[PDB]
Amino acid sequence: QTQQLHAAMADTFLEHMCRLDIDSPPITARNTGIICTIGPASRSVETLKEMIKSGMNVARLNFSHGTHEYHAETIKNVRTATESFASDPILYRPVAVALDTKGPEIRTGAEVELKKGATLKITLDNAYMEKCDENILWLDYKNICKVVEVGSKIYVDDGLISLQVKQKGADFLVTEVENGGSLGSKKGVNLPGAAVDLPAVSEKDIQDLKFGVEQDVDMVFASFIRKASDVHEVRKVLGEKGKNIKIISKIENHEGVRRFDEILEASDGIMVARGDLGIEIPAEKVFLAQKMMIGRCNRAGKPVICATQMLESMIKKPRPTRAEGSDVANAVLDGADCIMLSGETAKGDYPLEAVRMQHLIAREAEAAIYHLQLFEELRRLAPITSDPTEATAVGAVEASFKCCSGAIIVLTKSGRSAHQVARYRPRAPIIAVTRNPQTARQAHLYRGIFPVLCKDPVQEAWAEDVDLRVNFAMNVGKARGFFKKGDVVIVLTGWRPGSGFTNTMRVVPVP
Amino acid sequence: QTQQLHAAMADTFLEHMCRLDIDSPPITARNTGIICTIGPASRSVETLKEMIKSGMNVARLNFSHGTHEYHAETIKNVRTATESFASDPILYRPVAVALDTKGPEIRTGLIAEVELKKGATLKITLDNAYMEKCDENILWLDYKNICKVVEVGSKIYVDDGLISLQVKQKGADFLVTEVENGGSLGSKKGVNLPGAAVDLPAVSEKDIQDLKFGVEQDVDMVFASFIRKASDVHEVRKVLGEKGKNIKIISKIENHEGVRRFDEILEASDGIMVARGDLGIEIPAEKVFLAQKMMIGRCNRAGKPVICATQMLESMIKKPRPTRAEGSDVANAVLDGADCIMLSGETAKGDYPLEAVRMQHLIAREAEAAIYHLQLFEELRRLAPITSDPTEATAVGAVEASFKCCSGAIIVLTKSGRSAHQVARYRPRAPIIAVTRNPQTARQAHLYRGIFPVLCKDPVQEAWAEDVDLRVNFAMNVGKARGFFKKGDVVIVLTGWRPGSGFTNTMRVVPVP
Amino acid sequence: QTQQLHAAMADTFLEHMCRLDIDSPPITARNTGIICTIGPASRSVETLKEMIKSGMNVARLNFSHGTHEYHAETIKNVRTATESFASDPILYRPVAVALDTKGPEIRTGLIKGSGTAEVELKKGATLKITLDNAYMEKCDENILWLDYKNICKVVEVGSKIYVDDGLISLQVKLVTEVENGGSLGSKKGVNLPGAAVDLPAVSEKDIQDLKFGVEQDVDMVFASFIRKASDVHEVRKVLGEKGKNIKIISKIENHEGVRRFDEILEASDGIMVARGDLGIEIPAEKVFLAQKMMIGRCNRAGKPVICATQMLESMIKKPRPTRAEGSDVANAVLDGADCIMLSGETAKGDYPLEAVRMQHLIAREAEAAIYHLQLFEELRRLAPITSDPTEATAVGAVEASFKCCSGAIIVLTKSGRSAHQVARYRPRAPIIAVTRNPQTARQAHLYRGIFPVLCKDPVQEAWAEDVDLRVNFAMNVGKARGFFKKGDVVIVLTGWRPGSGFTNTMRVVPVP
Ligand SMILES: O=P(O)(O)OC[C@H]1O[C@](O)(COP(=O)(O)O)[C@@H](O)[C@@H]1O
Ligand SMILES: O=P(O)(O)OC[C@H]1O[C@](O)(COP(=O)(O)O)[C@@H](O)[C@@H]1O
Ligand SMILES: O=P(O)(O)OC[C@H]1O[C@](O)(COP(=O)(O)O)[C@@H](O)[C@@H]1O
Ligand SMILES: Cn1cc(C(=O)c2cccc(Cl)c2Cl)cc1C(N)=O
Ligand SMILES: Cn1cc(C(=O)c2cccc(Cl)c2Cl)cc1C(N)=O
Ligand SMILES: Cn1cc(C(=O)c2cccc(Cl)c2Cl)cc1C(N)=O
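Protein chains in written order, with the authors' numbering: chain D, 14 to 122, 130 to 531; chain B, 14 to 124, 130 to 531; chain A, 14 to 186, 193 to 531.
Since the hints were derived computationally from the structure, they do not count as laboratory data.
Every residue, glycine too, gets a C-beta built ideally from N, C-alpha and C.
Careful, some of the hints might be misleading.
[As the list claims (entries may be wrong)] Which residues of chain B face chain A? A few of them, derived with a C-beta cut under 8 Å, are:
no., residue
1, 27
2, 35
3, 184
4, 186
5, 188
6, 304
7, 311
8, 316
9, 330
10, 339
11, 344
12, 350
13, 380
14, 399
Let the sequences and hints guide you as you build the complete structure.
What follows is the structure in structure tokens.
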């Protein structure tokens, strides 16, 4: 059989694992979104066209480096490459734009070798900003000594250098060098366990967010989110003009993990930013934090992105390591809506191969999901409500499993009716048909959603305009190989025009 | 607080049982069909009007005794009482007519009675000179293949298992038997042969005659007696012909053979009666429950109606309240998954027939709310096959949707019954309001748990979309008047894409106006 | 293909039901207790010997009828028939004695002077219930007397008054309307379901009867109409020091008792679902809710539950039961009732040995039909994770007994306790409880699974010899009763030192 359907019939989680078959081929549809960071290796129109063809859904722009001119030129080239496929709306793929903020930073003020088990004093004394050595160190954070206790740890430069504070004061701390390594200039400082009172948006962040509103970006990946106030501050900065732009909170430290629930409720989605998280928490604990956040986002129905070092060896090599193949599969198996590439697409030698590998692994892992347990648990956990769209969404997903459907076709203006289908995790691809260009770009955040942008003019009778939109989605799935003529599909629509009225589920053969 | 909703939220079967609460009131919907047997206690037009008000759905006619003229007058009385409520279509309840066959039987001859002594020796003859010479030593019976179908050491029961026998010696013409249980041996008494593959025909010559008579009398269904194998149901269907092609055949499972060959019988039938009366005569009386829960579960799994039957409320023949065993039996049958429950002597000949119908209605309604729907609905789709039928996928989608929004009802437009029947096998908590213009469809829909059939008598509109909207709004009126929901509750609506039967593919989540 | 093991291997509850097989025979062991009420039909030592053989575990004495002399002579005859098998301790079956109390009953007077005279009542007639005590022996068709003096002080006009197991229904318009007629007899139960009857918990008759129970060495008390936890505490304090080891089973018989169930159960030693009175006090259609609630909560708490009343009611006059009756017995066992009961079927009926036998047969077929895979998983999950070694041993023993499909679980016990802890996890395997305490042996019949054996062998001086003597005694019992043969595998529960509270040892042994 195909698409692990023998494993799909299994009575237990263990027997499901036992029946996983490498000779069982998957369907064409790949459900997990792929976020690629664009930099020097993948910035040209020519490379970006191939990036789309290899399977990029979201172009991430990291505002830790680079000016507004560099980033606008990148955004222009993304759109140039995307709109070159716009002549055929049947085969057109919407490509999202994401702004990743720099965030609040703690920085040090040429290599000095710290001895393993020596005395290093931190200072706030401003004349030692060019005078950093093995005895004296300066930081740009001014409230360091209040948020750090006696015996608290201080990490410098990606956690390569670890200090531990022996005596606390007001203008100073005196530490002990626990992990050594060479100390340098302008290097990142992390504080594990602490509740850092640095602002939610920096002064750079505010200008960069406003630039996001100008450049019509679809989502904000917001760095170092510690609490619900922080999301609300990003939201306030985005204003009324940026109010449909999704805020994806990056969970990057202990405080963010501990306050996950208030952050999730305030945000439009989550990034497991494992890079900084693995600097701030113990590296053996990052998987616990990953599975927790993915689980709870699956429970809430909000997007979750797994990020950082997923195919890290692909920067230099054309094949990944076996850890890396396993990381991508297990993130998709956990339930991550999106998977991310950073230096793999931004600076490395094989960006096209890394996108391809993420596409190949995800499709293979989506087939291996135990939907029998998963649909049972998601139903049980989600409450009894009186929203008609929610009842329609769960009925559609139920119907799709009963007929082993080719797709669930959903008409949507804002995204939501399709978002509500996606949260019950069907096997069948969700074709979200929309006239709204931002909705089509934002749908890549949600597992299972295959967004199509309908460019056909509005028909004169409303029921006919709905049928035309359903037909357009019939034509897409036939041309992308999702289904053929006479395959049974699920069709979701509503009773009147406008958002909020999806109430109608139809089971139809493809004409 | 209501309809056992706290118990419904429980994570285990045990905690579900622990949370069952006597101060948690059920909804006014009662889902289980009540089949009342009509006889001398309930026959008049006046009494039958009260029977429908008390909650009768199916009037059962037992063709074991009584002339065709007598039975047709019963049927006419049923229909007169039923049609007295037709002036209010919103309040009108459809009433089915059922024909229960006599079946083939083995009878004794003529003695006037004698005395069978316990531990003594008796002799069976097929010799027709001893036909009217039955005594305490010699017994005649009317089934000539009896020596072929029993072996040595096997049991023979006489007079509803009052007298037990055991054959010690057998011949080609005759049997020699020791008396196991003593008792009064009378004339023309029933004979059961436990464990025997009896070769009595599917349809007897009296049964042939009565089956064509039901076609003439327009009966909705047939309760066919003593069904042992697939070819037996085919014979019933053959005898009914194309004139009776829409009449439902419910097989009565009455012996060991019918129980053992259950899967082929079920596949050939429209539904199954657990005919416990004769079943406990033929099989040991402590094994009836095993056969009850087997047949109910398989019928549930197949999606075909199952009737629980015989002595459900027995003491109510003489008494106005049932016993505690009787209360429990009706409850646990509904909990097992029986689509219909039956009354025999309680409504045929007993002193309190209205109280018996009212008691089955009160017990079923309570037991329907105590169903653990969470485990049941989970198990029902897990055992359901993946097929490409649009209606089947719509049905399960509708039931899923109904649990998610705790809907007042699932409103189904149906021509032949079938779309509403497909909903019914997934066991929703919500009542299934089946709207039909077909009168028989409305009558036969009482066979399936959950279904509340309404017969629309408003004429066909010219625009079919308006005719669909009229029938949906009619079903809204019914549930409002019967207390199923009120304005602004959310219900599930099932329609199809074109007129005609077989096209139910549209599920809508709709506010009550 | 035996014991419904095809059914046992099902992955769902529905498929377990589908696989239930009439040609799959059960084991010889019957786990559910049978309590028989002894009256005129079962009184004689002759009938009582055949009761024990047909499967009686507990003799119930109903003190709503009869004098203390009648009951003492009944008790003596129970003990004569029980001790007539004491000569071989391998084949001796311990028989418990239960006292069922009268309680706060309301009863009618005598029809025309006698207990056995009956009048006929018709639907729509009128009869006047009076309170003056001259009419206490000349009750007829017109005038009735009842002993509760505060009858007018609680009820209203339009309230329903039920006489003789709810069969005669009246309605106060006291001048009443006969809602439901039938046969009216002498000294019949009266119910007032609307009323808040302020009759005392333990009446003066109850005190004399409870005193008598202490003097006659009864094993348990079935206490009538328990409303609240302080009713249980009142019976406990009436029994005192002298009756401290007598178990208190609280009969739940009205609406208040159901409502305050959790506080009753924590105070009691066990529960009776007293369905007869319960079905008049609450709507009869709600009895099964109340039955399954109580059986479920008692299974969850590990305390005994008895299903009682009209389980085989037609067998008072018939040698076979109705289809409802066979279903009720099965479903009560399937629900999880530790004991089943017969009342008038064994007390006064024409076929009393056939009722005991029919309960034995149905229960044994139903015990095979238990979906053990779901049940044990649910009982484990709802068990607290505790620091008690005895609880860990018992649950390991049950788990081990499922894995080897065990012939028995052999448990040495002083007080009953270690064997009770096995019983609450519901194994398929019979629990052979070996004890030297004879009261423990009688009281163990309250718990599903437990086959109690009384060791009459003297104490060996080395303690490990004495332990192995009791283990091999139990081994001989199941060999003699056909529970297992030689080479079959049993579970043995013992402890690390003598005295109660130290069971920590689970052994998986071949039968020698
Ligand atoms: O997901 P959203 O934003 O509610 O959009 C769903 C809406 O789309 C429709 O199917 C089509 O509406 P339009 O004709 O306005 O596009 C509505 O009937 C339904 O309410
Ligand atoms: O249950 P059945 O017999 O398939 O009938 C269901 C049919 O009822 C309808 O909803 C209405 O059909 P009619 O207008 O022919 O009565 C159809 O669209 C659907 O196919
Ligand atoms: O169930 P109880 O009363 O705790 O009895 C179990 C006790 O019985 C024994 O198995 C045997 O002890 P005795 O030798 O004192 O009878 C103990 O090891 C164990 O503590
Ligand atoms: C093969 N596989 C399948 C799964 C799931 O489908 C699954 C994933 C998340 C939640 C829930 Cl509830 C489920 Cl069931 C996991 C694995 C794995 N990690 O090995
Ligand atoms: C309270 N109760 C609830 C049920 C069921 O819902 C049920 C019935 C049949 C199959 C399946 Cl799978 C289920 Cl879950 C049974 C009882 C009972 N017999 O006591
Ligand atoms: C056949 N049957 C099996 C059972 C049980 O085993 C069972 C009983 C009580 C609790 C739990 Cl949790 C379970 Cl699983 C019930 C029936 C029935 N009532 O029909």
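Going through the numbered hints above, which ones does this structure break? Give me the numbers in ascending order.
Of the numbered hints given earlier, those the structure breaks are 3, 4, 5 and 14, listed in rising order.
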